[PDB]
Each structure stands twice: as C-alpha cells, then as structure tokens.
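Trainee: With these hints in hand, go ahead and build the complete structure from the sequences.
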Amino acid sequence: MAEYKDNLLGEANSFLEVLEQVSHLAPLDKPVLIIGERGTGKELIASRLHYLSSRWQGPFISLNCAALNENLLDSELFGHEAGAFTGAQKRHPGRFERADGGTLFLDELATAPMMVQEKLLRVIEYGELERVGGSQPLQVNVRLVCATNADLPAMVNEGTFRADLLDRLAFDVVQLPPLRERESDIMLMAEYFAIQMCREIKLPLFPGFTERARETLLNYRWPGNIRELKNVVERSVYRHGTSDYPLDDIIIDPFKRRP
Amino acid sequence: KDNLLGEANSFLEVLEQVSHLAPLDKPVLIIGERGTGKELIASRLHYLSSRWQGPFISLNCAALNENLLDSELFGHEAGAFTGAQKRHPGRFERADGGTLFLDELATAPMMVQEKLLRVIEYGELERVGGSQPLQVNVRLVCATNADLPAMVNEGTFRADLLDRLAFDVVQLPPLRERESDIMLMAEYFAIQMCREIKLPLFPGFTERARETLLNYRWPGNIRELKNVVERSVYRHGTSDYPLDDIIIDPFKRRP
Amino acid sequence: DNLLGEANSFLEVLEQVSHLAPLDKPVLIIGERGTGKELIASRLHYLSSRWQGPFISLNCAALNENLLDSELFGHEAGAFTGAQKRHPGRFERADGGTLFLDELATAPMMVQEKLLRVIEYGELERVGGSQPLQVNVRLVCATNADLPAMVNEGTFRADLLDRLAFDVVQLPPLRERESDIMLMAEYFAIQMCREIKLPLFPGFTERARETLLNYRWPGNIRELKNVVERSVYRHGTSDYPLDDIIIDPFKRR
Amino acid sequence: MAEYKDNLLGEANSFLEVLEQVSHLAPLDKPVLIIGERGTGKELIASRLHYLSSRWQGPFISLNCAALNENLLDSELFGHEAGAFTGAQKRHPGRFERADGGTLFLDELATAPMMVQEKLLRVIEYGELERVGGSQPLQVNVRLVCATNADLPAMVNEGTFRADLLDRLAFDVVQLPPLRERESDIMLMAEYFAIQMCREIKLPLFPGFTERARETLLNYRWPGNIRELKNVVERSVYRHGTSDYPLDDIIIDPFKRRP
Amino acid sequence: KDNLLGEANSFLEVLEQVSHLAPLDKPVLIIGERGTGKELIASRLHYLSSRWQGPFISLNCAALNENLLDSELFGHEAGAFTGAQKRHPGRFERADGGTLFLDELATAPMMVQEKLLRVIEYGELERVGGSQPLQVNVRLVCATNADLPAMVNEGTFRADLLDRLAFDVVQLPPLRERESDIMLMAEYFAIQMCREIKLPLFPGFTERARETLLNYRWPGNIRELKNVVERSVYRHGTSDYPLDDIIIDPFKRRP
Amino acid sequence: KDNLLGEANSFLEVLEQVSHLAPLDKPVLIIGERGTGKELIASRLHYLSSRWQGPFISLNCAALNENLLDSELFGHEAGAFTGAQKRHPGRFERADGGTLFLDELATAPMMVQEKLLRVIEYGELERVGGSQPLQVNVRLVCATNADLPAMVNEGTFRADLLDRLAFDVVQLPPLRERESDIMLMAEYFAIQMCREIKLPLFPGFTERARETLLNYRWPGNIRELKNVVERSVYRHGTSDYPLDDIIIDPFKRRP
Amino acid sequence: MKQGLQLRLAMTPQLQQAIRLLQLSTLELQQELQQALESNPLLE
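If you read the protein sequences in the order shown, they are chains L, Y, R, H, U, W and P. For the first sequence, position 55 (counting from the first letter as 1) is numbered 55 according to our numbering, and the numbering increases by one without interruption. Every number in our numbering is 259 more than the matching position in the second sequence, counting from 1. Every number in our numbering is 514 more than the matching position in the third sequence, counting from 1. Every number in our numbering is 767 more than the matching position in the fourth sequence, counting from 1. Every number in our numbering is 1026 more than the matching position in the fifth sequence, counting from 1. Every number in our numbering is 1281 more than the matching position in the sixth sequence, counting from 1. Every number in our numbering is 1536 more than the matching position in the seventh sequence, counting from 1.
Mixed in with the good hints there might be a few duds.
[Said to hold, decoys possible] The list that follows gives simulated cross-link-like pairs (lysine to any residue, SDA-like), each with its CA atoms no further than 20 Å apart:
| id | chain 1 | residue 1 | chain 2 | residue 2 |
| --- | --- | --- | --- | --- |
| 1 | P | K1538 | U | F1215 |
| 2 | L | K202 | R | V651 |
| 3 | R | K628 | R | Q645 |
| 4 | H | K1023 | Y | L307 |
| 5 | U | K1278 | W | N1290 |
| 6 | L | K90 | R | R640 |
| 7 | W | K1479 | H | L792 |
| 8 | H | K857 | W | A1365 |
| 9 | R | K551 | R | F524 |
| 10 | W | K1533 | H | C965 |
| 11 | Y | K511 | L | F60 |
| 12 | W | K1479 | H | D918 |
| 13 | R | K628 | L | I124 |
| 14 | H | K797 | W | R1375 |
| 15 | Y | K511 | L | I124 |
| 16 | Y | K285 | H | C965 |
| 17 | L | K5 | L | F60 |
| 18 | H | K797 | W | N1290 |
| 19 | W | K1307 | W | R1375 |
| 20 | Y | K511 | L | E158 |
| 21 | Y | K511 | L | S14 |
| 22 | W | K1479 | H | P794 |
| 23 | L | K202 | R | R640 |
| 24 | W | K1533 | H | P794 |
| 25 | H | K797 | W | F1532 |
| 26 | R | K765 | U | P1281 |
| 27 | Y | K260 | L | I124 |
Quick caveat, the hints were computed from the structure, so don't treat them as lab data.
Mentor: Printed below as a string of structure tokens:
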C-alpha cells in the first residue's frame, strides 16, 4: 500500500515534482539512480524511496562504500561459502546475499575501489551472486537503488568511475535540487525544525524567527540541504533565546569559536 | 539462449562462431565494447558448450583480494594459518569442468597476470602445504574491454597471459558499428521492460527519435540504449508520447 | 569540583556544557592540545541530572580486533565457549548518565556511520548483545584535535556531526590569557606539594615568569604543568627565585 | 632407461644439437639451467629434460614464484614443524620438503621478493632444510632444473637479479633459440600442429598449408617460440575452411578484430 | 651499581639528572646516542630509585607485528580471547611497580603511538576480557637516538601524546663531543680486551694511536667506542709493543 | 674444513685470522666476495672455533616471512593465537651456544634490522606473552657481499645494524684480486670436474686458456671460476683438449 | 583477506551409544538389533 513519510522534509519549488516523478517510477524496480547533497536530502531520498517502495516486507539494505575496508569487502559482496573465509562456520550470508528481494540502497561514497565497482557490475549483471569458493552460482534477486553526490559523468571521463559500471546501471538519473537552488521551504523547514527542537528540549514555546535572523539564514548558503540547515537550527536552539528576544543574535553558525 | 541479440549479419556471424566454438573447451577471448554484455553471449555459449551439463562458474578477476588471491584461486588446506576447517575447493576447483568466464580480465594485475600464466597450465592444484597438486580440466573463458595486445605492449599483462588465449578473440562491434537490428532489439527490450513494470505499451511510440539516435555514439553499446529508453519512458510517464523530444541524455540539465 | 580558570569565552562554554549536560541533547566540545577539556565534562556531568548515573568516558582510538559493531556489542560468536562476561557496550555502560567521546579526531570511517545511526535510530544488533541503543543519556564529544578544516578534509563526516552536534564549545589556547594558566600552575604546584610532596618552590622572578608567559604555551595547561615540573626539578630547591624560565626540556650543555 | 619426450617441439636447425647436448648433460644432477622464450620452448624443454632426467621415481616438483602469496611463501618453502606457523597439526611438508631427491623445476617468474631469493640462496648452499619453528635443521637432497627468459646479467647490473642468486646459480647456460631465428622446423612443426588439430577436431582431412600461409608464417615475428605458433595454428584451425581452399584467407592471427 | 664509563663534569650532571628522574616516578625521556647503553643507565637509575629491587622491562618499540596491547603488552591473562582462549601474562601488567624503559621509542607505529597516548594519560590500559583497567605502578622510561621534536613536527607522533609522555627530557652530551673519556674509556677497553682475549697486557696507545683516538670524529660515540675496542682487538698483535696506529677502518682495504 | 682453500697470501692470512678469532665468540663480519663460498669457510672455522663440538645452525637473513618475524626469531609460547602446543625454541635458540652465522644480511628488512638490534642485547629470549626473557649466549658471525657502511650511508643499515658486528670486517679477495692460487685452484677444480664427469683426466691439460682467463674479472670470485671450469670441461667432450679454445662465456651465443 | 585466518559443538549419551553400536560386527549387530527389537513396541 502507501507508507507514510517519516519527515515532511520537502521543498516547495521542485521537490514536490521530483517526488511525483519518483512515485511514477516507484512501482518500477529497475536500476534507479538518485542525486543530491551528500547526507542532506540524499538519505531523506533513500528513506522516501523505501516508503514508496512496491509491496512490503522488503529488507532495506543500506551500506557505505568507505566502510568494510578493502580485503574483506569482497567476502561480504559476493558472499562467503568456502572454508577459512569469515571464520568458516556456516556459509556467511554476504551483504548482497543477505538482501534477497530487498532494496540495495547505494551510497555515493565514490569508493576508489573501481575493482569493487567492476565486481558490483557483476553483482547486478543478470541478478546473481556466487559466494566465496561457491561450488555453484546462485541467482539472487533484490531491488536496486542508487543516489549520487557528485558528477558521475565527470568521474567516468576522469576514470574515477568505471564507464561500463555506469552504462549497465542507472536506468534513470534523478538530481535533487541544491539547497541554494530550492530556497522554497526554508521558512517552513526552519519552523518545523524549531518546533521539533522545542519538543525535544521541552522548550516552553518556540522562541520565534526574527527577520534579521531570517535575513541571515537567507544569506547563509546552506551547503547541506537537510543537515547544515538542521545543524544551524540545532545551534540556534542550543544557544536559545530569551522570551523577549525571539531570535535576536540567534546562533545559526555553530562552528564559530568563542571570544 | 535469452539475449536480445539483433541477429543481424554481424550478430548472426558472432552467434555462429560462438556455437562452433561452444563444443571446444579451449580458452577463448572476448573483445569489443564492455558494458554492452558480451558476457551474455559467453553464458549462452557455455550453456551450448560441450560441458553443458557441467558446473560453470564465472569469476571477476578484479574481485579477488591481493593477499587473498591464493585463497581465491585455490582453497586453504587447513594444514596452515590460523584458519581451520577450510579444505574447500577453489572457485575453479568448485566448478571443475564447467565454464569460468574471466570477468575484469583486463583488470588483472601483474601478479594476477602471473597467476593466470600459472593457470595457463592444466590442473596441478596444490593447496596450502599440499602433498600433491591436483589436475582438474575445466573450460576457460575470458572477457576484456581493453586491448590485450595493448596491455602486453604496455607490459601490464604477462606475455603468457596473451599466450594463455587459444581461441579467437571475439570482438564486439559497438552500437554504431552494427546498428542493423538495434531498433528492433531495443523495441523488444522496451516492450519486455514495460510488461515487467506493468506498463502496457507506448501509444505514442514512433521512431524519429530512434532514427536520430541511430546516429548517436551510445558508448554503452547495448546497456546505454536500454537505460536511456527506460529513462525516457519513465520521464515521459505517458503512453501516447511519440519519439519526439526524446534523446539519450539523462545527465543533461533541461533549459 | 575541578580547578578552572573560566574566562568570558569559557563562560559561554560552561553555559553550553550546562545546556547539553542537563538537557540530554548531544554535545560537541573542542579543546586544545593540553587543554584537558575533560575536567569541564566531569563538572557538567556532576551539574547534569545524571550525576549519580554512570560516568564512562571512552577514548575512541584503542579499537581492538574487528571491533566496530562488536565494540558497541561484543559478539565473539566465532569460537570459544560463547558466553561473554565482558559485553557491556558503549551505550549500555554509560546509560542513564553521560556518554563522553574522546580521541574521535582520528576515528575510523566505519565507526562514524554506525555512531551517527546508533544515536538517532540505534537498533544495535550483535550476537553477544543487542539493544535499540539511543539510551537518551546526554551525548558528549571532546578531544577535537582535528580542526573543522581537517573534518572537512575527509577526516570527519559533515552531515553526521552537523545533525549530531546541536552546539559547539571553543577553547582558546593558553597563550591567550596565561593568567588562569598561572592559576592552573599554582593549583598544580599545590597538588605537587601534596602528592609529589614538594616542600616549597624556588619561587619565580618577574622576567622568568613573563618569559614563561611569553612562551606560546602550545601544550596549554599541560605545557604549563610540564614546565612548572621541569623548573622545580631543575631548581630542586626553595632557596632562590627561579630567575630563568625553561623554554623546553630539549637542550644541551 | 630411455623415456621418449611426449612432444619434441624443437627446431631442426640447432635444437637437435641442443637436445644432444642436454642428453650429454642429462646424467649429471648439478644445477641445470635452460633458457629461451617464456611460455614457448621453455617448459617443453623442462618436460624433455624430465624425460632425460637421471634415474626414476624422482619428484619433479614444479613451483612458480608467482604463487604461494607473500607471507605464506616462506612457510611452504622451508616447511613448518612447530605450531602457530602451520596451525600446529602435522609437520607441514614444505614445497622444498615435498621433493626429496627430486628435480627442483624452476620457472622464470623473477620473484621481486629479494627475501625469496635470499631464502633460495640458503636453499642450495649445503643441501639442508629446517622447518618453521623447527628445533633441528635437516640436510636434504634434490635435483635442480630451471628455464629462463630474460638477461640475468642485465637484471643483475640493474639490481633486479641479485648477484648472489646468479653466483650460486648459472653453472651452465642453455638458451632456447628465438622463433624468428630458427626458421627451420617451421614447416615441420606447422604440419605436426595441423595434423594434431585435424585428429582432435575429427576433421576429415588436413586442409593443407598454402604457400601464402607459409610465407605469412615465415614473415610472422612469432614472439613465442613453441606456443605462439601453436596458438596461431589453433586460431587458423578455428577459423576453419572448406576442402576447396587449403589455406586461403586462413585466420592465423586471432588478435585481429573483424570488420 | 653497574660499572659505567664517562666521568666528565657534564657526565656528572647527566648522572645528576638521571638520579633526579629516579626520584620522580613520572615518565621521562633520556636523549642520547643509541649504541651507548642508555637503557642500561636507565635501569641503573631505576635501581637507584625507590624501586631498588624492582622489575625491568626492555619494552622494545619495534618488537611486535600484528599484536595488540592485550596480546603481549597488557597480555591475555584473562580468558575469552578471540578463537583460542587461554591465560597470557602482560609485560605492562607484570612489570607494574618495576621499570619500563622504552627501547627506540621513536621507532613506534602511529597506532602504537595512539595506544601509548591513552596508556600514558589515563594510566588504565586494561586488557581484552580484563574487567579492571587498574593502574600500572611502573615508571615509564625511554632511551633512543632519534629526535621526537623533529618527528613530532613531522607528524610521526602525536604532539599531545609526546607532551604527556615527556616532561623532563634531558640530553646526554656526546663522548665525541666530550673527547675526555676517550683516554679513560680507551684504557678501560684495553684492560677489558686484555682480560677477555687473555692477552699479556694492554699494548698501549702510541702517540700516533693517542692522537688518532683524540682526533677521531667518533661518529658512533660509545658505538664508536665499541668499534675502537674491536679494532684494537683486531690489531692487538703483540702486547709488548704499543699500538702505534689504534685507529683503523674495516672497510679500508690494506695495501 | 673441507674447502680447497687457495692458501694464497690472502687466503692463508684469512685462515690465520679466522683461527685467531676462532676462539673468540664475538660478532664479526666476513666481508669480501659472496657466492664464493663464505658458508663453507664459516663451517670450517666453526669446526675450528673454541666450541668446535657444538650445534651450529646458520640460515639466510631474509629467508623467513614478515608476519612470522616473531615466530622465526623466537618460539610460539602458544598462550595466544590459533597456534597450539608449539613452545619450540627458535633456530638461534636451537643452537644454544652455537654460531649464528649471518648470511644474506644485505637483504634484511627494517623490521629485520630491529630484530637484529634486539639480538645485540645479551640473550633476552622473550616469547609472545612469555613470563620472562631468557639470556642465551651463542657465537655470532656475519657474511655479506655489500658494504654495510654503504647501506648506512644510504640509511638502509641501522646504526645498531652497523654496530651488530663486534669485530673488524674481514674481506674476502676477488678472483681478479687474489689471482694467486689461480693455477692451483684451477687444477684442483679441473680434477674435481673430471672426477665428477667420470673423466679420468684431461690429456690436453695445460693452462693457456686458464692463463688467459686469469686476466679476467671473474666476479663470482670462486663461484664463477668453478662454474666456468666445469662448463669448459663438459663442452670439450674429449680429454685430449689443451687449454686452448676454452674460455668463460656461457651467455654469449657461440659463433 | 590477508595470509591470516580464523578458527570456529558438543553432544553426548544417546548418540554416543548409537555410534558405539556401529563400531560392532555384522552378526553382533544383528544380534543386538534382535535383542533391541524384543523390547521395542513400535518396531517391525
């Protein structure tokens, strides 16, 4: 059926249209690639995709390419069945083997392991994976989801990403609007974050947003669509404000050192 | 026996060569454009191979770990190391008579090139501290986007690695190279994908965009065309949309 | 509780320490080389409502074995008997208290994503132990040796810390004031006269004391304590004022 | 006694004399060094020598320096008796310990590990071998045989080959002729390969080598002595032909991509 | 305590600093030339400290590969180790209350330096399966030839870790710089060599030999002193005649 | 004591100095030409040393593996790790008073240099998690073809690595150098080669070829001369072949 | 991964006796089965 979105983190300018197109492609389970700010509107994109994913009971598998090191990443990718692989024992269900029919939520870590990229090109080549020392191959099925944080064509032309790896996947590419480009739900998201912070910290009331504070927030470039804005909101909330001062000298930027 | 090959003159000749070489268990080379799926033809030949009722297990050369390359090409005998039990046949020994399509063969390193040269011989598989090596005959298959002669001239691949190849290096023509039945094959693939995604058909259809993209590079000789078709179908989101304003440019930003 | 030379900036720092110690909002504090900002954390914890709660501070650098998930919940199910006496995870040990994080500047990448996830959603699963994490104990971060430029240099994640850190705590170096550093040096001298049983210091001359203050004090209070110790040992007596200042231990004669 | 070589892939011009000299040196068990094209004329020479090898029941244990990984190479080389080095268990019969009195068949792998070369220097120093953690060294005996492909003096001057490795080795030199030089049994070897292909593939008759095919083979550089010709003949047979054309348009060179 | 060479006024002050470091249980750094027995002097000062009868740990910096602090440093006396579980004493745990001299501490790993930072600051190193982190009562010592001030500035070690680990770093003047113990140490070495090699007597450093010893740069310092002992042994000849030319170069080819 | 030493002024002086330092068990470096048989002379002097009736076990410096540095330089206490039983003393501990002849030391790594510096200490055999180190005294000897001073100038040799040897470096003359027993050693080698090749004698005999080869570098001071003599004897194929048309050139393509 | 590796149950009583009877002989096992079936109320 329909899974409700956890957060109403959407931009009025074009995120509604992006969500509409995603729902249009949501029933399809083909190679899906997203794009947006890393950690800001990209994790939200993955969560929304999971909510709008077809059917239910799908194990939402998410991984980061920077982790899993290098030598042991292959065992988790292709799987582990032969001895002396993962402490031997039972056939270790690899990361790809663990997710059968679930969403494989990719992360745009842009891992230099282009060898891992080539191996993943085989991970989704005909829908199968063979465990380490596996006697016979196994045709495993799982949904594929991707998100991007940089220019994939720039990486392919510069060789940071395999050209065949890009060619095989990404039946569609979806770029999330930049935080400096949307600029629609800025006040709405600020108010929602302020309400959530007041609820969490048990603030007696939302202090309120001043025009000078609003002007400074508009001046802020907000590199992080969902994080740096959330960081600024948390910084202003922890800094807090007097009952009279709704947001006078509200501390949006937390990185600044004290005098 | 399922690839949506165009069955054109070049495609038919390639299929005939694959069928003729299917009975031969000698190693073969695959040239052409990777990302297009020459591996699908390799799987078809392996099914059509003499060892048709044989356990065929392909392998990506770039998948093996450098310090676990020995464990990749073989199995720990457990007479050594902290690992116990083990005594598990290597992937080649796991197949032991089927087809092992070498994936990412061009990605093989100089150490990997030397290991392949060692495997150019027949059988003789000795495990960790093995008393005697074991000989097991299995058909071999390799694919590489890069030019093996180019790598050898660069010296990246070992000479015996090139000498490891025995059958003809089947070269895959690019998207523009054949371009005879690509329209029909892409239309069939799009129909199948629409049926799978519960999409009935495209009432708009048309091929003016298809005829124009016939004069398009399509670096992903086969996969890129299908991905672009899927992107166009999803973005249009409508059936009664002819092949108008539809081009292979998903990364492109609209004006 | 702890000797402190809180200045104007440290007044706001203590305000933030109170706002994040009492309110279980996650905290991120930044100290200097030898600032010892851990004392402020202990003061805030006592000031926090969890003063009687568990006080476990972890130096996120001694990762042993596969750690990562096993650090949050030691599973160790590969071999041996299977029952694990030690198994108190990072969140469990400090639950109902304060969770101080140290030496996280040189943290691994694998630990970072898990920690970011284990705070918001938790749901830590391992063979030896499994719990939803997010113990709602006030989260404390310090020992930020890596600068925010270094964090932007891939040493640390931007979004994860940004969401996690609702506030920051700055710490100017001891070169800024050098008066509380003199007060901290006096406190350390009292502590030495107590534990080290120092009878009496040689005293200080204006020129030497100023030169010690004139020194950049890169090691902050740690440098001040080390310098005081070196001067006392070099003087080795309470006879005459130390008219000279030991710039650094490295020397020759 | 006299054991016929399985194949006699040699050159009529002077590889016959080379085989004669090898038979002259066949009785001796000292370090026998062969040389020639790598992958071609090299291990064929090794097999011929093993046929001409003195005595019988000798373990012609062959090792390639590429294998055995890096850390595990030493344990398999020197053997292992004590625990924690071979997982305890039995005293692991090392690769050197596997062949006692047998030929130590070398491959021109050129181990970049100078540590491997230093271990091998002690391997043939007084005929002894001590297991890993072994409380007592053991004097062992075995024959030695090798094949070469690069200028050992050139590497030694370049420092790529250790001077001590060549000082302990290189008692006598046996270089196989390059393919571009012999040019003698080319017709004979070509006919033998064609007959073998016809026999294996159940071809009704050998199509035959046209003068154009022979001229192209003579013009062919053929970097590999005994295998490159073999691979080219295999490719030409794979291209196949009707009974009408003996060798017209025969595809000897499979590296050439089609139109 | 133990017989030692070097009786200069600067050597007397260095001994004074060593005895002062003996009173202070805190970790310290002894700066000087390796190959001089700095670790031996550290052990002697520790014997002159409060722990007159106490343990001594060589604690070589570059002595472990792929081993944890809970492997040998803290040890694995407690059970529940990964894989095999058994008791294992820890040198840091065992030498607690004794002497822990760091051998070539400048040659330590980045992870080793990171662990040592926490060990020195907190004082509770703990162990794998060790419920009580406890405290080590030993006094940390170090004696190397490299300069951490350059290494720390080079990022070879953590500045704050060194600052915590270093408080009274003092440099022993070089014997070549001293150029005074040369006669005393030369006579001592001659006597020791006569005793060991059972020679009739010390031949005697001739005027050429004495001038060679005085003018020798002595790059090894006490290592050069050992080299001088070795060269005198090689050119001992007859005890009847004084060693005319004590200084010689083994690399130098005679005639 | 089986080497057919040239007994040349160089060879005789070398034997005499070896005997003079044979009673002394201190570290020493056998310098000169390797490949030429430093190992055989080492065994002869070990039979000629003070502890002639002793277990002497030599080995290649770079024979072992990096991860097994502890397992080679010591014995596995088996308290930790997957290792079981073990508690086996190392080869150096297997000698236990013997001569640890250092061979191929030029290929030793930085970790090997650190282990050797640890060995410079008096005994101190501490296993992994062992109770206490054991001080074991054994004879030490070193041989290498490279200049340790050259490596230390390159920084490859550690200062302690240079100071590891406790005696003046004794150099082995080259074939182009000693050139003294060249006729005698040549005759002995020719006799040995004839005996091994089942040839009673060479009727041609003579040394005109031997005299010509005497005016050659012969870099493998003993190895090269012996290999070349054996090769010439084998190539002649007839006993009645004088020292004419015989030379040292295995690599050159014969005209 | 690297040249390194790792190491990875317990039962008794009934299965021990079952395995023990397998170590016996042919006619002895026949006699044992005959004796066991004499008390078994659900065996044929």
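Trainee: All hints are to be evaluated individually against the structure, with a verdict given for each.
Mentor: Outcome of the hint check:
Pair hint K1538/P plus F1215/U does not hold up; C-alpha atoms about 50 Å apart against a cutoff of 20 Å. With a C-alpha separation of about 16 Å, the suggested pair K202/L and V651/R falls inside the 20 Å cut-off, and the hint holds. Between the alpha carbons of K628/R and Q645/R the distance comes to roughly 14 Å, so the proposed pair stays at or under 20 Å and holds. As the CA atoms of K1023/H and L307/Y are separated by approximately 25 Å, the hinted pair breaks the 20 Å bound.
The straight-line distance between the Cα atoms of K1278/U and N1290/W is roughly 18 Å, inside the 20 Å bound, and the hint therefore holds. Distance check on the hinted pair: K90/L and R640/R sit about 17 Å apart at the alpha-carbon level, within 20 Å; holds. The suggested pairing of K1479/W with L792/H holds, with an alpha-carbon distance near 12 Å, which does not exceed 20 Å. With a CA separation close to 11 Å, the supplied pair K857/H and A1365/W stays within the 20 Å bound.
Using a Cα cut-off of 20 Å, the hinted pair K551/R and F524/R holds, with the two alpha carbons roughly 11 Å apart. Distance hint between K1533/W and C965/H is unfulfilled; the C-alpha atoms sit about 41 Å from each other, more than 20 Å. This hinted pair does not check out: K511/Y and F60/L have alpha carbons roughly 30 Å apart, beyond 20 Å. With a C-alpha separation of about 32 Å, the suggested pairing of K1479/W with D918/H is violated against the 20 Å cut-off.
A distance of roughly 26 Å separates the Cα atoms of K628/R and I124/L; the hinted pair therefore is violated under the 20 Å criterion. For the suggested pair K797/H and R1375/W, the alpha carbons sit about 31 Å apart, so the restraint of at most 20 Å is broken. The suggested pairing of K511/Y with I124/L is violated, with an alpha-carbon distance near 25 Å, which exceeds 20 Å. A C-alpha spacing of about 15 Å is found between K285/Y and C965/H, which places the hinted pair at or below 20 Å, so the restraint holds.
Using a Cα cut-off of 20 Å, the hinted pair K5/L and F60/L holds, with the two alpha carbons roughly 15 Å apart. The hinted pair formed by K797/H and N1290/W fails the criterion: a straight-line CA distance of about 32 Å is larger than 20 Å. The hinted pair formed by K1307/W and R1375/W meets the criterion: a straight-line CA distance of about 19 Å does not exceed 20 Å. Between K511/Y and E158/L, the direct Cα distance comes to roughly 18 Å. Compliance with the 20 Å bound is thereby established for this hinted pair.
Among the hinted pairs, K511/Y with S14/L is consistent with the structure: their alpha-carbon atoms are about 17 Å apart, no more than 20 Å. Only pairs whose Cα atoms come within 20 Å are accepted, and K1479/W paired with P794/H is accepted, the gap being roughly 11 Å. For the given pair, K202/L sits about 33 Å from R640/R by alpha-carbon distance, which is inconsistent with the 20 Å threshold. Taken as a hint, the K1533/W and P794/H pair is broken in the structure, with Cα atoms around 24 Å apart against an allowance of 20 Å.
For the hint pairing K797/H with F1532/W, the CA-to-CA distance comes to about 18 Å; that is within 20 Å, so the pair holds. At most 20 Å may separate the alpha-carbon atoms for a hinted pair to count; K765/R and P1281/U exceed this at roughly 45 Å. Pair hint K260/Y plus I124/L holds up; C-alpha atoms about 19 Å apart against a cutoff of 20 Å.
Hints 1, 4, 10, 11, 12, 13, 14, 15, 18, 23, 24, 26 from the list above are not met by this structure, while the remaining hints are.
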